[PDB]
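Enquirer: Residues per chain, in single letters:
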Amino acid sequence: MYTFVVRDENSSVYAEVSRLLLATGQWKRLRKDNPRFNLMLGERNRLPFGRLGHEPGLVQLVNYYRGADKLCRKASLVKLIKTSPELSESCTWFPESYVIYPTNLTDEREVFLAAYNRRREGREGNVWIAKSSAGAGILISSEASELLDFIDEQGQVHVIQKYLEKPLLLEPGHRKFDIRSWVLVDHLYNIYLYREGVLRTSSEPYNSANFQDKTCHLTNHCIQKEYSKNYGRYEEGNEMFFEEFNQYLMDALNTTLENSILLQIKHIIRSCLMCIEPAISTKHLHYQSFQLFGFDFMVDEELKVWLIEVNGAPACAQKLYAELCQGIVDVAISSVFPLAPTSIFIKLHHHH
Amino acid sequence: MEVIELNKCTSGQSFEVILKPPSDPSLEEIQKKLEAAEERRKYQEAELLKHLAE
Amino acid sequence: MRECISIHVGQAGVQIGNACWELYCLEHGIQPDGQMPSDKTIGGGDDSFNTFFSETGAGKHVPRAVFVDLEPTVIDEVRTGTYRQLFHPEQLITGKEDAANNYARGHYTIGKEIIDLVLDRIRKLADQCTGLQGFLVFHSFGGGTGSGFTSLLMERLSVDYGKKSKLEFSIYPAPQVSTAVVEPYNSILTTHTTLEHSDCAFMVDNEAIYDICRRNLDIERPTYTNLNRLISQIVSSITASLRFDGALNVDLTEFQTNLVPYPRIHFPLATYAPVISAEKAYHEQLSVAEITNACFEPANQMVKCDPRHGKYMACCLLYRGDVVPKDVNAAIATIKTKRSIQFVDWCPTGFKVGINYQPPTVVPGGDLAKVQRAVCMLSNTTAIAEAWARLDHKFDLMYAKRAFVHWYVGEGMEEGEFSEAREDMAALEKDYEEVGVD
Amino acid sequence: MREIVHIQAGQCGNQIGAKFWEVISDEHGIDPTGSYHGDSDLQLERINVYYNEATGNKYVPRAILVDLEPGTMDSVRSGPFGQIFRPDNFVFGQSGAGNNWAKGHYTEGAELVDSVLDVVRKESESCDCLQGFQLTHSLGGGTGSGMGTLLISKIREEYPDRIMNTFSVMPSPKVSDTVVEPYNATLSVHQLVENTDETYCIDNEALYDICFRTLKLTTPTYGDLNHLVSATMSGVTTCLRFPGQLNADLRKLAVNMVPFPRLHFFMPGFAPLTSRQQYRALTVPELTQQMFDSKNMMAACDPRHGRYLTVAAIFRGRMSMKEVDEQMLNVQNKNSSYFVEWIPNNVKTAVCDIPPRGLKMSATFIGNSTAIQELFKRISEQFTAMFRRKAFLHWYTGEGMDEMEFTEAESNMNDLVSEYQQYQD
Ligand SMILES: Nc1nc2c(ncn2[C@@H]2O[C@H](COP(=O)(O)OP(=O)(O)OP(=O)(O)O)[C@@H](O)[C@H]2O)c(=O)[nH]1
Ligand SMILES: Nc1ncnc2c1ncn2[C@@H]1O[C@H](COP(=O)(O)OP(=O)(O)CP(=O)(O)O)[C@@H](O)[C@H]1O
Ligand SMILES: Nc1nc2c(ncn2[C@@H]2O[C@H](COP(=O)(O)OP(=O)(O)O)[C@@H](O)[C@H]2O)c(=O)[nH]1
Ligand SMILES: CN(c1ccc(C(N)=O)nn1)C1CCC1
Ligand SMILES: [Ca+2]
Ligand SMILES: [Ca+2]
Ligand SMILES: [Ca+2]
Ligand SMILES: [Mg+2]
Ligand SMILES: [Mg+2]
Ligand SMILES: [Mg+2]
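Residue numbers (the entry's author numbering), protein chains in the order written: chain F, 1 to 105, 125 to 155, 159 to 362, 371 to 382; chain E, 6 to 28, 44 to 74; chain A, 1 to 438; chain B, 1 to 42, 45 to 278, 281 to 360, 369 to 437.
Chain F extracted, bound-state conformation:
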């Protein structure tokens, strides 16, 4: 009889895992403060890693890699990419980005204007986007004065990265979109990619002559369901899955999702996770770790994949909660606490 606890009631993902665990009759749930446990579904912020792995006779497992925030925070990711030789500053799949601190507080303000003036002088597209992790608060503008003046009006760190002025547009509609891939990493650091992805598409025609209205530029699921007037017109819930998106790519462009986008995605996920393995690995640690990730990708009109950000506590698509949650119990939990396919994941082999 294995035992676990719950410390994040707001997690729609692991709320299902706990429901499945109790359905097996072999996992008993405990109060949220009982240290005698095998598995911990911990909180998001200020998770007490230091107290894990000190209970005699208990092998403990947690669902958050300590130090993953370096990859899931806006400013941390950029600093990680420009400082990590594995990715280098010339990383071809990550938009040219810069970390900018508000003037009321290192900082890459001057380095940003340097490349900005270089672009304004060379007639090139010079539309940037400002964002941060403390947002739901994003500003798109082609003027460097408005971007910097908007960050100084706040009080937390921000990042200015190139805006993809040539995004891939679906038809019919002429609309933007992004791609969400779920990647699970077990205690052995095997990198499993969920065979099922989702595209959170915009229900508005992309307009390049008006960044003021951010409904055809932002593809978030909550902005389309609040500020968009064509929500649910083309696909149910602005969510297209890998089956239909694969058929469209074959009818219009004469190619497959595997060859055009999936290879780049599997390459980006590898490069990001292998990069920070020696920093977050729990190979010879007194406790074990495994975390679910949510990579958000972009695609331009040249079928080149760019990395937007990585989510450390992502939510899932309503249609994929069952298949994915069960998979988490198969490869991540039961692999360490066995019970008494055609895996739904894609192992991304690598050199540990």
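The hints are simulated quantities; they were obtained by calculation from the structure and are not laboratory data.
When the alpha-carbon atoms are kept at most 30 Å apart in a straight line, the in silico DSS-like pairs for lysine-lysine are as follows:
no., chain 1, residue 1, chain 2, residue 2
1, A, 401, B, 389
2, A, 401, F, 32
3, A, 336, F, 288
4, A, 336, A, 311
5, E, 13, A, 326
6, A, 112, A, 163
7, F, 79, F, 326
8, B, 338, F, 305
9, B, 156, A, 112
10, A, 124, E, 53
11, A, 311, F, 82
12, E, 53, A, 163
13, F, 305, A, 336
Restraint-style ranges between C-beta atoms, simulated for each label pair:
no., chain 1, residue 1, chain 2, residue 2, range
14, B, 120, A, 160, 43 to 51 Å
15, F, 101, E, 24, 25 to 33 Å
16, B, 79, F, 33, 54 to 62 Å
17, A, 261, E, 6, 20 to 28 Å
18, A, 337, F, 15, 36 to 44 Å
19, E, 23, F, 15, 46 to 54 Å
20, F, 255, A, 337, 52 to 60 Å
21, A, 225, B, 372, 25 to 33 Å
22, A, 401, E, 64, 15 to 23 Å
23, F, 133, A, 214, 52 to 60 Å
24, B, 284, F, 24, 31 to 39 Å
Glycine included, C-beta positions come from ideal geometry on N, C-alpha and C.
Take the given structure of chain F and dock chains E, A and B with the ligands to it, following the hints.
Expert: Relative to the frame of chain F, chains E, A and B with the ligands by itself:
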């Protein structure tokens, strides 16, 4: 990667390697804390005996 | 030359003291009867070993130690043990009933009535020193004597020896080799009243020594003898610079200078390797780069934690055996490129390195195998704060219900000394976070 | 040298105490004459904890036999090991207590208390360093109850900083001598709450249910109930009488078991408990699963009705200490809903190489559980059933007591029930 202050003797040697440059109570007060805890003991034990006398 | 007096308080300190002086004698070629064939100055001399050993006219090399326990059953093992002849009866002080794992008992009730005696016995070894450096105090955190009495002894030593240094060797409490439950109280009580009196403290977590004995020595259930023979190795390696020729860590003062920039953060993390089972057929002798690369694994730290998520303030590498500087610098370079070694911006990113050619001595019949080179890394990391967080959490759980508090109050302690000691730890944890996190 | 002073008062007290000395005497190799004839040095390691070394290598238990009628103690002296006891340590009256707490505590007992303490004092003055006392007695009778508590009240007055342990037999209407046992029990319990550090509760009903159901004894006897107490007393004292890495005296043992001064009432357990399929070897799992089973507990209290404050387990025999940890760690990690979460590591374990007589290996259970409140609920319910009508009060009011003192004992134990209740939630 620099090696400074190399000292060698018969039974070994020691040096320093730099990779990157940077960027009470008196004797009177203790006897009081001890005697004070001894008084609270005597007062607690006295209340125990007074209880037994009743 | 300058002398060092060692003090062993409680069962844990006294047993670990027994295991170290056994090692010191094997290293320095000192027989159980105290004679030293290699010492050519009969009954005198200011050699390096004389920092820990004095000499008599008869040529007996006697430790500069003092064993203190409030119940005699543990010290008696020394009076009749293998090295009974080293010490004289003055150096062994024993009471008649212990502190029942009660800090308030060892500190107040029982400690007051025996403190003046220990001082006198220590004053007798001090008068034999031409230039006393300071004291090495071995004790446990859980034991009522190791915790309650040690803090009191420290307060007085800072009064009778103001300018002298005081290093600690503290045994962190681990449930796998303990039968008590109030150890978090004692640990937090003693760390509060001792903090401003200890210049540098080496914490060993029995849980760490336990798993190193189970994993590397293939002991299914290790005894205190097992734990002590390993802990005495680390201790030997840390005190070697004071007993042998050298220029690194040559006096107790150099330990604070090289390891403790901020005072309240005086708890270096220790790491040791290799630890090889003697029962093994025959092991492949590890290289300098391999054993050094092991110093950054959690599996051989005296306290289980994650230095990757802390920041280093200082770092020492004490080597023993066939090691040359050329090989050391080679391994270090390779490790900086594979590891996460984040220093604090107000401290140099460097390593002081000491090398003693004599390889580690092993007690015949012991559990460790003879290796040609070994190393011990002393690193001041904010990651050791995890050990405090663990302990401070257990303290909160019990104190929220005032559990076991009556046992301390009943021995003369005021309930306020709990919250006063706890708030001090809340300050010690904040100092670690102010220096480590961003 | 950490000596213990044993005391047994009353019929139940002395019969149980006698068998106790019969059990451990055999374990330490002490024959009925006081001569040692064992084969292991571990039998003498801690022999001075319960025995005084006389001349000629004779060992004389450090016990004091007490009672207000000569009957019971005449049996002990003529019994198997009766000669072993010190002739002077027999202190007895002739009137008797008539199963009346008042007589044992105020009138008859009072006249004899000074002479008993004179012997207690004589045994202590020889101790190099006294750990503390232990009294065996029942609470439903008059002597071991009324006088027994009176002794404790006076031993704590002369030795206010020594440990006072008691093995207390609680009355049950299924094994009842007199209808007034709830009176005597309620009065004693208040004394134990005040002047004892540890009290092992031993319900005669649980002893009866164990002999009848688990042991398959058709018609149990007081002697059968005492064999269990004998073996149990031997178990809880194993860590004290034999060597090992334990190094624990009575005070240190209480310090880790009593989180609160008044909640020092334990439930003991023993395993195995087999009926005569008696030669089967018992595995470490079986030893553990029974040790925590209520049917192996002697308080007649369902532990699953409360929560464990602290638990202590002692294992005897040549076994796999690695295997002991696993099974114990298994019981915790499989029933962690019954241990309190505000006391980390409240379950500890000890191993001993010497097993009891005639058993490859055994396990003794010591539990400080809030379930014990169900015991004091029975006693308080039976008390109120009679005191509400003042029934049988005259036996006591005639001895000099007032109804007020009864009302206080009533409210005193109801408080003890409420105290155990606020820690179960
Ligand atoms: N590493 C190691 N730890 C020990 C040793 N002896 C005891 N301990 C630990 O010390 C803690 C208990 O403290 P003790 O040293 O036994 O108590 P004490 O200092 O003698 O003080 P008293 O309570 O009066 O007995 C437990 O957590 C033990 O695990 C030892 O020889 N080696
Ligand atoms: N450099 C860039 N070029 C083009 N579009 C961008 C962009 N950066 C962000 N976006 C748009 O913003 C969205 C992602 O925003 P971002 O991830 O920064 O906020 P967020 O993290 O709160 C959303 P989530 O965490 O749910 O993925 C995408 O849908 C994308 O269309
Ligand atoms: N277990 C056990 N209980 C006993 C024994 N003798 C008496 N009792 C119980 O003790 C109570 C009577 O107390 P008693 O021994 O007569 O007290 P005394 O007057 O001091 O001798 C009743 O509840 C009995 O069930 C015995 O030998 N074994
Ligand atoms: C399990 N155990 C205990 C614990 C408590 C008591 C008691 N009589 O209170 N007895 N034995 C031993 C491990 C070292 C002590
Ligand atoms: Ca000399
Ligand atoms: Ca000082
Ligand atoms: Ca009379
Ligand atoms: Mg986000
Ligand atoms: Mg001790
Ligand atoms: Mg009777």
